[PDB]
Amino acid sequence: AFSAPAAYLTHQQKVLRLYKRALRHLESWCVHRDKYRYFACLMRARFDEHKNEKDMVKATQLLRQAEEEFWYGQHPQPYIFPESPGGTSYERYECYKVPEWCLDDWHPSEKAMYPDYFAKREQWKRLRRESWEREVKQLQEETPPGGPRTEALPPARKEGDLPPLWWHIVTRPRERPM
Amino acid sequence: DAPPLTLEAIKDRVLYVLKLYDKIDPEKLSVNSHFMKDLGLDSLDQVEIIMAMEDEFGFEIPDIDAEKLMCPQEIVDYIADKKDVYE
Amino acid sequence: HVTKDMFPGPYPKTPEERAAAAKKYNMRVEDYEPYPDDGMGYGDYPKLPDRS
Amino acid sequence: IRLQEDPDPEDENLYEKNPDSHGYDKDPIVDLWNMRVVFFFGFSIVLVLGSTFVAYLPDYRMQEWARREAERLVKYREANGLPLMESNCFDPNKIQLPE
Amino acid sequence: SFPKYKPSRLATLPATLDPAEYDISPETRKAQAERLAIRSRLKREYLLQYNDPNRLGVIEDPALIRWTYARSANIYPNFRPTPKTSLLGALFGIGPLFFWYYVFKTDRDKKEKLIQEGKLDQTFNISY
Amino acid sequence: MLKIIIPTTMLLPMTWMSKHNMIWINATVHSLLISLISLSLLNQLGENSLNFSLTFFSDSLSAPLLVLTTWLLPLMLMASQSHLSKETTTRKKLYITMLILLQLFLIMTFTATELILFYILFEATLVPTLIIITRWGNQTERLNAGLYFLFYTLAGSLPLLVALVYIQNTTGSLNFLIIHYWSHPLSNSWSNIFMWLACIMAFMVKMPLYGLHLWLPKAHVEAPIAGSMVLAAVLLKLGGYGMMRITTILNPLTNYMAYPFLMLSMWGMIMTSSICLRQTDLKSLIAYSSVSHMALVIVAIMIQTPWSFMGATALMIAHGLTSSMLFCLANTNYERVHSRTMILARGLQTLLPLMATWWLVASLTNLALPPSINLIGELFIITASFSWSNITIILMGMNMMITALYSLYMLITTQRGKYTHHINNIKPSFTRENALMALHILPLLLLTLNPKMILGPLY
Amino acid sequence: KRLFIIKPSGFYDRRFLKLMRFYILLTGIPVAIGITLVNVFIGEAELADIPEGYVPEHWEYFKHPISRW
Amino acid sequence: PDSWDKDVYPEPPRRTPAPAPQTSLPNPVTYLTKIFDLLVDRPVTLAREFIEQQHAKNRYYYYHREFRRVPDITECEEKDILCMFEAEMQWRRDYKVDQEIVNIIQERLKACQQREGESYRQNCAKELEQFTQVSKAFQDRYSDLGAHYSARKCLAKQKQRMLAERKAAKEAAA
Amino acid sequence: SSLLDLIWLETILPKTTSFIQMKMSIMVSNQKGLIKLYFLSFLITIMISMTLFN
Ligand SMILES: CCCCCCCCCCCCCCCCCC(=O)OC[C@H](COP(=O)([O-])OCC(O)COP(=O)([O-])OC[C@@H](COC(=O)CCCCCCCCCCCCCCCCC)OC(=O)CCCCCCCCCCCCCCCCC)OC(=O)CCCCCCCCCCCCCCCCC
Ligand SMILES: *P(=O)(O)OCC(C)(C)[C@H](O)C(=O)NCCC(=O)NCCSC(=O)CCCCCCCCCCCCC
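Chains P, R, D, H, U, X, C, S and W, in that order, give the protein sequences.
Numbers 44 to 221, taken from the UniProt record's numbering, label the letters of the first sequence in order.
Numbers 70 to 156, taken from the UniProt record's numbering, label the letters of the second sequence in order.
Numbers 31 to 82, taken from the UniProt record's numbering, label the letters of the third sequence in order.
Numbers 53 to 151, taken from the UniProt record's numbering, label the letters of the fourth sequence in order.
Numbers 2 to 129, taken from the UniProt record's numbering, label the letters of the fifth sequence in order.
Numbers 1 to 459, taken from the UniProt record's numbering, label the letters of the sixth sequence in order.
Numbers 52 to 120, taken from the UniProt record's numbering, label the letters of the seventh sequence in order.
Numbers 2 to 49, 75 to 200, taken from the UniProt record's numbering, label the letters of the eighth sequence in order.
Numbers 550 to 603, taken from the UniProt record's numbering, label the letters of the ninth sequence in order.
No wet-lab data here; the hints were simulated from the structure.
Errors might be hidden in some of the hints.
Taking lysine to any residue and the SDA-like style, the derived pairs with C-alpha atoms no more than 20 Å apart in a straight line are [as the list claims (entries may be wrong)]: (1) P:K154 - H:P71; (2) D:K54 - U:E118; (3) R:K152 - P:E126; (4) U:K114 - S:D170; (5) S:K162 - U:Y77; (6) S:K183 - X:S183; (7) S:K179 - X:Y181; (8) C:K58 - P:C145; (9) W:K564 - U:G90; (10) C:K58 - P:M99; (11) P:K140 - P:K57; (12) U:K7 - P:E112; (13) P:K140 - X:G417; (14) U:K85 - D:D68; (15) D:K77 - U:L65; (16) P:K57 - R:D134; (17) X:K418 - P:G130; (18) D:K43 - U:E118; (19) U:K7 - P:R200; (20) U:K111 - X:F386; (21) C:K52 - P:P216.
This is chain P alone, in the form it adopts within the complex:
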């Protein structure tokens, strides 16, 4: 989520993702911890057996057959963490996330109810306003003429600058806002 994706997954990345998914589904099948440890050791033994293979075509064929085996033997109801996309507690607190632009539409009485918070908020707003030109200049200087080849973003190269395109990442709502 925090990392910019690449154009494709390498063979190492594919096999590692298959390894993690197979281990998780095996844990779903093997509920108890000792049984899961035993069968996970056997699974890693299989992966180690096929670890050293010079023939990339054969390695890809092994990966494909392993993927078919995983799809046949996957748990119909695999365990999902509550906050994970398939989880039960997924997106439950999205209705509680409110942004700071909505925060600055408050009435003067509401703002007066929090005098110290809004002073620091004004400091943050000044920091945002005093850096946008430097950020856009840095972005347009470092980009290739063809355009952005990837979604990655650069850091601040100067002692007094900020990383470009930082405001919403830094001021995103808390994971438990209310």
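Fit chains R, D, H, U, X, C, S and W with the ligands to the known structure of chain P by using the hints.
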């Protein structure tokens, strides 16, 4: 509800898990030790370490982000940033 | 701010028209494929995969 | 460009000049009195007074009158052994059928 | 070996089971790079507008405008009378009308015939 | 009726002689006063109508419509003052004048005692509406919408004029009381078939009937907020009122000529609800919901039983109020983000709570939720249709299911989910908008409390 | 440690609700008091036979005092 | 109670059995009834006594409107608009009165069903027959006139019914 | 939505009538303004009125 996390608590828990890992020597394990450069592990070992951390903290780290956590300090910083821990 | 050239148009019948349509929708010319010209009103709108 | 055209103006926010704006008028006093007249007349006058007026509208539909007439007819007809509901609306003697 | 999984339209084919996922030509990699470049360009434009401090309003989406225009206003100009369109329109617009007319006509004719024959249970049927 | 007619013709010079900043205040105050005055028409008799003079009369069918019109005018004034802030004084006064003329024509239409005067007034209602649409619409399509609306209505209504003058020549009078008392059966002939067709087709186009309804999305989507409010709440009820008035002299030909219209109404009710399920525009969704409800009203009028007419009247009043409220809510959303796309603005419950409450109540009234007058009318129509035939229940159940589906789909799409991140100009809801919603919703609940006021003469 | 909770403005919704309640209760409470006093003191009319030779009025044909008025 | 007519709204005499306890345990129902009478019934009775005392000081009367009979549509000539108007109004009033009569009979039926409870199928046979007869007559009178019903249409229906009865009697006698 | 509402209900009643009116308008108004042509038309009209009308 639950007590809030702290940077020290996260670091202690991740070092606890790593010291309970058998392939890692507890004496030479520091918070800046690299998993493959100076700990001598490999990709499957790192995947199992990330899975152990997921089990420890009760949340999933996506594969796109988990491949880059090659250091206990990196894992601590990732978890603190995701859980909004600043102290 | 959108101009008249940025709106969906008729079914493309030439490689130049298909290239222009693909450029309009921010797609590759190789990956752009219109709906078949059955006279159903789709025009040059892309036929993206039927996934969710 | 093909014309000497004005730029599209920015959207105007009523809360910027007047934080306690009711959304009626730019002028504060005019907006406040527009709110006051709308709320007073509409809510109080129309809603409350018209609702109680409609609630206490006299029984000009003669529902209760019809009920009392029905009570009298039922009492009279069941006292004398007559049918409660008559078979015909009109008088067959006063009706003249064709041959 | 293991039983094969048959994709459907409402149950598609997973990526890990796609045969083309394991036959990657060097041109496939450059196509993926071009797609990523397009996505990165669009993302950069959107993020610049989104993080602009002086922006107040809605970042207009030409893609959304095109979708809403093609769904509503671009249909008739690109519609042609073809055998397929003619038959489908005739069926979907006329057939149901005649079907329901026949159903209700038959039901009401049977009911009226029962009424005339005087063998339909209409006791207590006061409200109509 | 002059005690209500003259105050509108006095609203005109008051609007033109008031100051530049006081036009909205004066118009709203005096419109509310006129509505309160017109509330006295609800005291109706159980035997006959209120025959004020040779020209005007009031009935249990006309009274709720007149009260609805007089109540609808100030809400239109509020919405118009919302969206016409930068206009010039003369053009503001012209818009208010168009609204006042429309209200006056509608009042005289609902109270006209002759069919030819009724025709003249209900055709006169077109000019202010056309001017409003094609002049103060926001988009380019307002011109095409006005052309479609005008030509549909006129191509429907001209044969009605010919039929009315023919009926006057044949019978001696177009007075409604005389034609009701002196009515004679309509024999099955081609001439009578085409007379029935002329009258019914005029009012069906006004309804609108399915297959004669494209002008309704065209005009309703492209008209300004006040025009949208008046088009759905009142102007669609002229067709139903006319059909409930003319069908006195169209018997027994209505038993045999109503089959195509009943089939069109039922199937197109289903089809327009399904269309509502897949609308990318909120105004279009509201317009098609209006089409479905008026198709149900057409079914009631065509089956033509005392239980169907009461349901028709109740459903007309309820639909007017609910559709006006829905258009107002969608217009507030549009005034926020300057676009009518439904999926553009999301998370509006977390951004504007009380507007989410108003949306919830409006959607719950849009679907037949007991004991609302919407459900009262729909249930009466469904019971009458059940007595008519026993598969109409299948069609009505399908329509109710789809109605709930698309209403809650609109609610969940607009209000629930997560807000659009880049939309950062959604200011808190105005007191004026909240008051508009409250004035839309409270009378509906009070009518639910007292339901015999909107059940028509057949009660 | 107490953390600031970011919420939309509730001032305007609260103000509208307060104004609506005030203006409904501005006339509603007096109307309720008047209705209660009328019902308690000036009760409803009693049904009676029309005296011979007497011609009543319509408000004499209605029952509740407010409806008669 | 003298509020309504016992003949129009009959009630069978109420037979309540006397208490015959068989245990020394106190009756919670009796104790709670005593509490209810002490706490609620006496205050509401005093309040109603005060209210009725206030009502007795301002006694006034309202009357039931009497309508004399007028010639009906059978007596009215053709296109005699005034006689037709009077006859139509009288027919509408009679229609309302008949509707309320049917309502009274239905109220009788519902009350008897609820009262008899578990023996309603047998003890309510008298109120079912009265409802059957009343509804039959009302249906024969105003069954299928339509939304635009009138005295002329009802008279045409009665004429059709009379013609059918005459034809049936002639066929039977043949 | 598309096949019936946006295509065929538009094609039948409003679009076909507008097309016919436009075609007839073009046909009527497409004249070169030649007195020889429309006076020949006058002669034809006079002959038809004399013969076919009695
Ligand atoms: C902001 C958001 C919200 C917006 C909302 C929308 C906007 C709304 C706008 C306004 C709408 C207005 C609509 C029109 C209203 C017009 C008035 C009307 O229709 O009145 C109706 C009508 C009024 O009576 P009426 O028909 O005019 O007179 C007939 C009789 O002659 C009368 O009987 P009576 O003469 O024998 O004596 C009765 C008399 C006197 O009664 C008594 O004295 C009773 C005493 C009881 C206790 C006695 C025992 C305790 C004694 C303690 C002390 C003992 C020792 C001392 C004793 C005294 C000294 C010896 O009391 C009254 O007359 C008062 C009745 C209530 C008047 C309400 C006026 C409303 C005005 C409209 C505006 C309202 C705006 C809102 C603000 C309202 C104010 C805050 O009936 C009622 O009001 C009934 C109230 C409820 C009774 C119980 C009902 C059954 C409850 C259970 C049902 C099942 C459960 C369901 C759930 C729970 C319920 C939901
Ligand atoms: P680290 O970076 O050292 O990783 C080393 C890797 C693996 C990247 C190697 O360097 C490498 O690329 N080796 C050659 C490629 C290769 O290893 N291919 C084989 C991969 S799949 C494999 O052979 C093991 C699959 C067997 C297990 C399949 C699991 C299916 C069962 C799951 C069922 C679900 C519930 C149990």
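Tested hints:
1. P:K154 - H:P71: The hint holds at about 12 Å.
2. D:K54 - U:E118: violated, 72 Å
3. R:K152 - P:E126: Given pair R:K152, P:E126 holds - Cα atoms ~12 Å apart, limit 20 Å.
4. U:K114 - S:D170: holds, 16 Å
5. S:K162 - U:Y77: violated, 59 Å
6. S:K183 - X:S183: Given pair S:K183, X:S183 holds - Cα atoms ~16 Å apart, limit 20 Å.
7. S:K179 - X:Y181: holds, 11 Å
8. C:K58 - P:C145: Holds, at roughly 7 Å.
9. W:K564 - U:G90: holds, 16 Å
10. C:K58 - P:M99: violated, 56 Å
11. P:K140 - P:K57: violated, 35 Å
12. U:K7 - P:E112: This hinted pair holds, its Cα atoms lying about 15 Å apart.
13. P:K140 - X:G417: holds, 11 Å
14. U:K85 - D:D68: Within the cut-off at roughly 8 Å; holds.
15. D:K77 - U:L65: It holds: about 15 Å lies between the C-alpha atoms, which stays within 20 Å.
16. P:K57 - R:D134: holds, 14 Å
17. X:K418 - P:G130: With a Cα-Cα distance of about 18 Å, the restraint between X:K418 and P:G130 holds, given a limit of 20 Å.
18. D:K43 - U:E118: violated, 68 Å
19. U:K7 - P:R200: violated, 53 Å
20. U:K111 - X:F386: holds, 15 Å
21. C:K52 - P:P216: holds, 18 Å
The earlier numbered hints that this structure contradicts are 2, 5, 10, 11, 18, 19.
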